[PDB]
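Enquirer: Listed below are the residues making up each chain.
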Amino acid sequence: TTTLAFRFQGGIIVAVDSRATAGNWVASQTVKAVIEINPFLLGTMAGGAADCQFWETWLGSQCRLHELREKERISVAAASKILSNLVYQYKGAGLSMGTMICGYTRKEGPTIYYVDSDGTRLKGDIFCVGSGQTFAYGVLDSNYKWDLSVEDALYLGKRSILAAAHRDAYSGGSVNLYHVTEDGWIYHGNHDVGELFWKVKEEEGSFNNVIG
Amino acid sequence: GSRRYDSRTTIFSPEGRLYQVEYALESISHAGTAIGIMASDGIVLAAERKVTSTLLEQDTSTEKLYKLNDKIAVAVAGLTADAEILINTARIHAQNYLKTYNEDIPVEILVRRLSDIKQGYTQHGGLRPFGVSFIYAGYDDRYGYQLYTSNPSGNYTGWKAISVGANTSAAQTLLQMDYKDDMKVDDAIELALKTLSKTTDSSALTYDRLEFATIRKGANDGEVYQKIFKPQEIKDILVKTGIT
Amino acid sequence: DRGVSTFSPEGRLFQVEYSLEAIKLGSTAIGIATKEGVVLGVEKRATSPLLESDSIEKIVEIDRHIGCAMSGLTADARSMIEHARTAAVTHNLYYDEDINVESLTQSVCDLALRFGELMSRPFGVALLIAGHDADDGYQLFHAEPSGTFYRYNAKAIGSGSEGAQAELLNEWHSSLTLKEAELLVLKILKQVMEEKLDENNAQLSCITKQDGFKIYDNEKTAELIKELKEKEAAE
Amino acid sequence: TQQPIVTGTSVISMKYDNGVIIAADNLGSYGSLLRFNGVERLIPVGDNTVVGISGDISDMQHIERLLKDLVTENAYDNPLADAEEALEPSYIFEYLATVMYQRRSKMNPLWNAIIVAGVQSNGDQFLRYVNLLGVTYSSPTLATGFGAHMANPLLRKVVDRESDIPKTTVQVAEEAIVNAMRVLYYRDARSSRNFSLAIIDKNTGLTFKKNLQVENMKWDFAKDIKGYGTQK
Amino acid sequence: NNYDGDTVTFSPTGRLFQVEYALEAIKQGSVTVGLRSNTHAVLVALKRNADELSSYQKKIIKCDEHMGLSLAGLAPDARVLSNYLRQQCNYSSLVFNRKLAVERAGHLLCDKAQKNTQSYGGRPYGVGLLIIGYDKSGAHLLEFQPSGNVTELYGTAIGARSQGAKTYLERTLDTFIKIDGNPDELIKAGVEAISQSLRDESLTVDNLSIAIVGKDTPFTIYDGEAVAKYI
Amino acid sequence: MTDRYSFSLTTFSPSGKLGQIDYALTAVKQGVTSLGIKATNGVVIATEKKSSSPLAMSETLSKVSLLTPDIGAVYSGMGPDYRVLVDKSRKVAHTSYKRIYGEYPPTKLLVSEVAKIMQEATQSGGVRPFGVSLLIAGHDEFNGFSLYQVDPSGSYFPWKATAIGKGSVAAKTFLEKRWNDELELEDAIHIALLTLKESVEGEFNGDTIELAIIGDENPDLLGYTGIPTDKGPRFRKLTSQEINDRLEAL
Amino acid sequence: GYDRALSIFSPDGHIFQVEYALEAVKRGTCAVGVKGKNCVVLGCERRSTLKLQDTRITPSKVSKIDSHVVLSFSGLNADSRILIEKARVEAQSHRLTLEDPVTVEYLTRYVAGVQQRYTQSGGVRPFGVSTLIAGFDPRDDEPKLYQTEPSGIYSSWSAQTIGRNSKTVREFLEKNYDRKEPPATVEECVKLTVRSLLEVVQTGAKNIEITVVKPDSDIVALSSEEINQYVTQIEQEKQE
Amino acid sequence: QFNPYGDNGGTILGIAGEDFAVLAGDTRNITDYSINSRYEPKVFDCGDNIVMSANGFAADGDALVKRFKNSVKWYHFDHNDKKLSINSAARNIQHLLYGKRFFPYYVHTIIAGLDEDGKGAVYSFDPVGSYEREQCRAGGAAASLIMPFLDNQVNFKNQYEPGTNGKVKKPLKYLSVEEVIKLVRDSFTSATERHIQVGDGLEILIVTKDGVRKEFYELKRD
Ligand SMILES: [Mg+2]
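Order-wise, the sequence lines are chains A, B, C, D, E, F, G and H. Going by the numbering used here, the first residue of the first sequence is number 1292, and it counts up by one from there. Going by the numbering used here, the first residue of the second sequence is number 35, and it counts up by one from there. Going by the numbering used here, the first residue of the third sequence is number 56, and it counts up by one from there. Going by the numbering used here, the first residue of the fourth sequence is number 39, and it counts up by one from there. Going by the numbering used here, the first residue of the fifth sequence is number 24, and it counts up by one from there. Going by the numbering used here, the first residue of the sixth sequence is number 28, and it counts up by one from there. Going by the numbering used here, the first residue of the seventh sequence is number 1173, and it counts up by one from there. Going by the numbering used here, the first residue of the eighth sequence is number 2, and it counts up by one from there.
Bound conformation, chain A alone:
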């Protein structure tokens, strides 16, 4: 698994792979590593599939109850903290979670919180989580700018997952792209890594080590 999320001028880009493994055995190539908490909030899946799915679905229920009671959209700060405080209660029991809670509100602007099963809650501009995180970070760090266009930002996130999918054995399958705006997230399609790799190789001139 490889998941990333970064803040930029046009909001947040979220990009993930689609592979799930049980040892060396590739269990799935079609897993959804982005959990659609609600129309405005996204969460990434890393570590425990069930733990992430279950509690981020639960998080959406808590966010919905909040806006019913307070008649106002929940902040990313408050939403992330509900999840982090929950998993902190279970600390030591064996939950496995590494997630980015991503949202775009009026008061905050585009916001990302890295939330983790040992209780960590970090606000940040760029996060990368998973077995292929180091590969994605390399492409991200060298090409990231705040003034990226939505088009170029989407490509950067796609290209960074591809970098991980190539080198990391446990990452691959397909790339899912999301763009988070103030009015909600927008899905930018599923991209098979097999087809994407050759396309990127030719158009970009990268991966000269690989024969195609």
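Simulated from the structure, these hints should not be mistaken for lab results. Positions of the beta carbon are idealized from the N, C-alpha and C atoms, including for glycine. A portion of the hints provided could be inaccurate.
Selected chain F positions facing chain B (in silico; Cβ < 7 Å) [stated by the list, open to error]:
1. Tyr32
2. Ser33
3. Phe34
4. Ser35
5. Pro41
6. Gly43
7. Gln146
8. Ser180
9. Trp186
10. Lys187
11. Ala188
With chain A fixed as given, assemble chains B, C, D, E, F, G and H with the ligand onto it according to the hints.
Expert: Leaving out everything else, chains B, C, D, E, F, G and H with the ligand in the frame of chain A:
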């Protein structure tokens, strides 16, 4: 079942009064008068023991004045047994605070805590309230010398001079007449004894019918001393002030 | 004294019957169900002109597809609303779907008789629960402190209820439009209210399949009041 | 969590055309010590069910009491306790299976392997297995422990599938069971010669045979066996 | 009088007035009829509406595939008791792979209602129930009273004006018990029975509620146009 | 079941009276007279053994009880209430003191614990106050000899000498005339016997009078030798013969 | 535990314990709240039956729940402390979990919820307290003023009074407070609040307390002399 | 030490068609190297046109199916006999599984049926409740033998159109129920040859708008 025998101690009257609190206050009005007077250089606590006997061992007796810690003392008016329950709780609270913060408990925080306990008995539990009114005499480095009172309702207020127990109306009028802001402890000692001497239901005010205490910075330098007066020392101050 | 869960010689629970009397003193709330949606309307009844009337919240959202209006001791409704909201959201969490309006109403009514010597007394408030689901379409329920709930084509609760219900008896038919229902609630509210009805002392709301539950703006309601006045002067 | 102390070995069983047969030896082992020689491990429940139990004997005696209590409880306020509302093999099994799985789920199992053999109200044969893990399964033949490895292969030669059941008589089934018990006596070091056998038939009912012995044993060929290779 | 303040108090003649007042709530309730043959058991219930805009209060509740009841009195109490029956039916199936006998279901309801009549703080149930079911001993009909008394019957009725239907069933006893293998005729007899308890109002399409259970018939409830056939 | 009396049975009346406490004091007033006198070198507590029947063995009924080796107690009022209070008092002397400090509590603090128990029966749910007044005599190293009275309310007062129960008013007047601060223990016993004779109707002897003292340490009653610091109990119950000997010099 | 249902319905549909709790509020000293264009002012009556009081240490009538919200009350003083403590704890709990201070409406809704709970819980009596809760929502300049009462109902007010003779001061406010143009400055708002209390108070000496709350956690209590200047100016205009 | 878990072997397979769905599983039950039963049903009709199988530790599998069937029953009681949709059943099973997150049901659960638009649906669960809607999913012992085959023959992975040489993929044409059953039978026939825990019998449950149908096929018994 059991409902039949329930007096319902925590209900409002049609007028919005708490029956049991009001009746507990009626009980307290028959207790020996306790007076507290705050001066610039200390606090005085004076209190009348109720119709005593010659065979009562006075020097080992304590029914009115109690030490909560080295900085805070209380004068009691009402059921002595009820008071000792609360006093022990207050002593524990003061020590809990000292253990937690490594500083002596501020007077008001102690007073609020005890008053909140009293309040609870008027709102829930179905138990009778504590038939006790306290005068708190204490010192801390924030507000300096402080006098408070609390009653069975759990309401508390701050005072320059105050009385509880019997004849508080008469006592408060006398204090209001002769009290001044620039007053000193030695003057306050005299006022307290003179007020008791006039309001007492006894024929004459003597040493064996009194409990007396002072909280002074008359402790060598930058510290506070509590002085629970001995029977002979009460006898001397009665002669000094010209009452006997 | 006597038990809180005591039966009268007629076979009724004293406390439940007494809570019904408290509801009769409450401000009027009216609901009308149509095939285009369910309308909910309430009398705000501010005790003083200095009271900011938009803070009077007697119509409340339970979920996107379920709304609720109250009459009686409105403070008692808060925990009922909390439970309803929790039940609606919890069912969505467990079943990845909307909860049926009846099932929501039943869940609220389960709280009603949980009193004794649990809470110390019944609720002193009645609820009009309106909503939509795919199985039974647009629905309006009347949830009482007895634990009983009836489905209604139209229903009025509160102080002007029996006068309003008689009026709803004559006016309701199975072909009512949403617009017709809105005016009808306004008309009957105006009839039973002490003060003169306007956009500040009365509130409208509706639930439709498309847009879900919506509380009407004072500007939107003001237009419907003006439309009502003209059509009554039209004959 | 525990360890079995006093234990019973194989329980074997099979279906035949009109009912079921079940059998188990009368030994209570204490490790390698053949401590108790008169232990009944087949426990009848009514006239239509026999529960065969292997593994820990203290837990067997507990289960025996549960079944006895079950019969008492079923008779309470039950005018048809000896007729339409009598205990069925399927009721008795499901109860035990519930208890076994609950006990393993509390990490405090009944250290047993159980086979419930019987005939239902409609005459249908009942034969189902349950163990300390709460694992259940049914088959034309069922056996626990060593019986699973040695008896099943023999019993499956008689009834290999469901369609072989109507073709199998009670004489053939009993013969196969008795032979299997002999084979287990030859080869299981925690077995005894003495055993019990029960037949539950839809026509002739419950026939419970005690104090049976393994007979017709072959040992004579042992005299010719000398040394371990080269000895003459 | 002085002995009706709670359920824990006998009167001087040995009566329990709170239980009797709970019994009174049933008499105020709408009429419901129960009857059975040797193959089937039928419930017929007259549903009551609040007014012309309101729905008709449901009277029949399914407890299992082979068992269910009709109610008269406090509906929320019927929901509590029917929920308890659902659980007990379910416990029997899950633990013992056994359908709960109707007679045993009656015993459980009796005992549950009894505890509320001997303890302080609580109150008796304010509802009467007619339980029908088909088990291993054939068709059954039970009558539950919140006093705890449960009775097995061929036929009965509870609610307001139930005496008319009960007398009719007492006359028809020999006829309707013989209606075997004919569900429609057994329901007809039940619809004719409940008709003896009607005044001013008659059986309409949203007024009538019928339930049936039998040999090869799961407990099913008929409402709306499904009962027009019997009007 | 469950104790459903979680509410106070003692409450303030409009006049500020706690009825149940007043009524408990009335029960004490009906009780047999008991008294206590403090001397310079000891304390004496005494009461009448009002035998309910002559067939009853009044020696088996102990009105004067040892609480600790240096503390004793006597009562007036309801005997059964006293008996259970003695059980509680003995236990609380261990649980709230001896098991903490490795020594027996001083008289005033044990009295304080007994007083607390009696106060709680005046406020706690579903109970009535204790229908007894106690007189507790004792000695401890730092306070010396002392005598305390404990009432149903939980209030306690230290006395030089006092009496409670039936003829307390007359007995207290008798004690006021005789008591001084120079009394030896034998003088206090003599005065105790004189005072007690006035309130007794029938037989007045060692078999009808129960008397104990808090005085010198009794190494003969310790039960072991070898530890110098352990010198024995100061509580000693006088025998029937010891009382009769002092009734001749009466 | 003590479980007795003290708050119950009567035949006429009234809960007398809740209604008698309102009678305790009627007895309490008068409290008044007035919101201007950019401020809220809380005025409180101090009964002058108690002199020889130490005003430094005596519990003040207006209490800060947080740095941006204040609470005043009429009714039982001891009861109010329990509500104030709970409100203060909840305010910090909200900051801890939501990472944002409470809105004035939220804090009001919480306190009102506590009050309601005590009207249908076994073994407890209702609070003999009505409250005025005032302040500004975080990063908001719109003044907020809410009222609660023993029953647990709450609502927003342009201006409101509670306690003894509150009928009289509400009469004053209803004719003197214009909604189209609220007190534009702190001065005007304080003046109108002091004027409203002068209808009821007696002497304008130490009997009137005034607390001004402005946006962004700007809360200050006026002193005797500052208030005395308002008292002086009001009556000098009145002599005409 | 007591081990509360066991392995009863078995292999299951769920395939979602255009307007149908199949859930197949072998009928063999084992422990270690012994056969417990040659016919012990593993795929169950749970009502509301839903079929289910919980493969792995059979005691946990039986418990879960039993609890889900019970959940279907109570869903009808609580929600006016409303039909439990396949997506709603899936979410419900997640909560059943996650309820034992710290003492899991040691099973791989698959359910099959039709969604609310009448299209074929399969849902796949891990032991602790994580789930996903899938087109094709094998579970159990021989899952690694079957899934690669299905990628190739159902999704036409690595297959390209002749002449184009890798430029044009083989188009994903819809499969009939008859075509799917052929792939299921061949999957289990192959799995039976190469996996010792697979064999004896194959029971397939087919789900359409008309209801649930069963088909049984023999497998090698060695
Ligand atoms: Mg094989």
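Enquirer: Let's test the interface hint: is any C-beta of chain B closer than 7 Å to that of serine 35 of chain F?
Expert: holds, 4 Å
Enquirer: Would you settle whether the hint for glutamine 146 of chain F is holds or violated, based on the nearest Cβ-Cβ distance to chain B being less than 7 Å?
Expert: holds, 4 Å
Enquirer: Under the criterion of a CB-CB separation shorter than 7 Å, is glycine 43 of chain F in contact with chain B as hinted?
Expert: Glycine 43 of chain F check passes; min Cβ-Cβ to chain B is 3 Å, inside 7 Å.
Enquirer: Any CB of chain B closer than 7 Å to the CB of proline 41 of chain F?
Expert: With Cβ-Cβ at 6 Å, under 7 Å, it holds.
Enquirer: Let me know if the C-beta of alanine 188 of chain F comes in closer than 7 Å to any C-beta of chain B, holds or violated.
Expert: holds, 5 Å
Enquirer: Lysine 187 of chain F was flagged as interface toward chain B. Is the shortest Cβ-Cβ separation under 7 Å?
Expert: holds, 5 Å
Enquirer: Return the status of the interface hint for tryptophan 186 of chain F: holds when the least beta-carbon distance to chain B is below 7 Å, violated otherwise.
Expert: Cβ of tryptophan 186 of chain F sits 6 Å from chain B, so the hint holds.
Enquirer: Tell me if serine 180 of chain F is really an interface residue toward chain B, meaning its C-beta lies closer than 7 Å to one of theirs.
Expert: Constraint on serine 180 of chain F satisfied, holds at 5 Å.
Enquirer: Against chain B, is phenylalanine 34 of chain F within 7 Å by beta-carbon distance?
Expert: holds, 4 Å
Enquirer: With a cut-off of 7 Å on the beta carbons, see whether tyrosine 32 of chain F makes it to chain B.
Expert: holds, 5 Å
Enquirer: Return the status of the interface hint for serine 33 of chain F: holds when the least beta-carbon distance to chain B is below 7 Å, violated otherwise.
Expert: Check passed: Cβ of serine 33 of chain F comes within 6 Å of chain B, closer than 7 Å.
Going through the hint list in order, the structure satisfies each hint without exception.
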